[PDB]
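Before any questions on binding or motion, here is one chain by itself as structure tokens, the form solved without its partner chain.
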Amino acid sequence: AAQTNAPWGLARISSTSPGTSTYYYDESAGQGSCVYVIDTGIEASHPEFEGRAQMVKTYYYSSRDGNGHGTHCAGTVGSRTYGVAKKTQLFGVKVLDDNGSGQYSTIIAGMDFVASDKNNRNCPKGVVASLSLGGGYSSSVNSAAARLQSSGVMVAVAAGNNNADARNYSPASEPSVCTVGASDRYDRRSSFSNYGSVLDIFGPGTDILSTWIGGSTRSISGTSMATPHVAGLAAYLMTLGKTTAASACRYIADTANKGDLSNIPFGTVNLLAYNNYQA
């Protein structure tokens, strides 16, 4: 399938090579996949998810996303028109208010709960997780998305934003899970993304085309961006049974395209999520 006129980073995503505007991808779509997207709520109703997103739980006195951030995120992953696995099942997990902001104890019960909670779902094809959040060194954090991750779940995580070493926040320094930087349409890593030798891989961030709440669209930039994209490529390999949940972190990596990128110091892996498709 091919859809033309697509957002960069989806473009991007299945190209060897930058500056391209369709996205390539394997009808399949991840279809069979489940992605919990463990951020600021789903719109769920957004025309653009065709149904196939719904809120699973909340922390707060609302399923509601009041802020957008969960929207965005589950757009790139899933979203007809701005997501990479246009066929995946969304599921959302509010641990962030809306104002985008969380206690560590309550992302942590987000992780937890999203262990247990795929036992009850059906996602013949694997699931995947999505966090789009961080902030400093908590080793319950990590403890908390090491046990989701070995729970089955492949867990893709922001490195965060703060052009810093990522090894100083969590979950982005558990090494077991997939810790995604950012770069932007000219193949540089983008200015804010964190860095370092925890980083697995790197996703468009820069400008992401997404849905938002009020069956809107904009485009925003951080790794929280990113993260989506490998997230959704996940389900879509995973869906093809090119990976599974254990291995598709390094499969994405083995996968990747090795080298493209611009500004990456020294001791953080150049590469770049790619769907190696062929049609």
Second form
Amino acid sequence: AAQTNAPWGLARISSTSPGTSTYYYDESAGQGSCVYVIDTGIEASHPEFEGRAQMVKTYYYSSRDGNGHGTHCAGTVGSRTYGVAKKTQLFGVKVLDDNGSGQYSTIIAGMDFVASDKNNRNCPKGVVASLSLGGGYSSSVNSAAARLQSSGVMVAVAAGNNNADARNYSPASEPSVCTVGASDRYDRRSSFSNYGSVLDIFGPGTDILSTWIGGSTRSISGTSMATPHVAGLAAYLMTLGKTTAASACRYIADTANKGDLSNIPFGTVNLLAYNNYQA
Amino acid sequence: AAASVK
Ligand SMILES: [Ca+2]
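Starting from the form solved without its partner chain shown above, please give the structure in the form deposited with its partner chain bound.
Every component of the complex follows; first up is the chain already shown.
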């Protein structure tokens, strides 16, 4: 399938080169998979989700997304125009308040929830979690993300945005999951993106257009924006049978475009996520 | 501690 005049990040992750404008992908488009956007929520009524997005859990008086961050991240996963995995089932878990803040306890519980909730949802091709959030180093947050990952949920986390090594951030610094840095439309590392050995992969992160609350769209930048490409790719590749949860970060590493990026400091993988589609 | 949107 071909979606013309696509958001640059979708076209990039189906391309071997920069500056192209058509997103290429297999029409199965992640059908039968499930992604948990663990974030501020999802405006599940947005026309762009087509009834494929539900709110499953909140730790606040409301489950509505009153900030916008989660709706954007969810759209890159699977909105009809701005998403990588245009047929995936989107489940929202609101752990962050409408100001974008959340206590670590809340964040651990929410990962625990998804570890159990997946056994109540039909996701026969696989389950993916996207964590576009992070804070300072926490062994417990890291342990909680390990525990998800181990419960057979491919877990994709944001590297963070301080332009520093990701070893001093969580859950970014957990070796067992998939830590995602950001790159721009000219194949540079984003200047704000963290870096280091714990990164697994870079996906598109600068000036990312996606769904926003009120049935609106907008562009924003971050690893928080990079992480949803890879989860949706993780969810897309699992539906094609190519890979499992236990192993999708490694598979996405092996088949990623190599050496394309500049602005990468020594000790960090030069690997930009690629979907490997040949029509 | 408090975590935050990235
Ligand atoms: Ca890994």
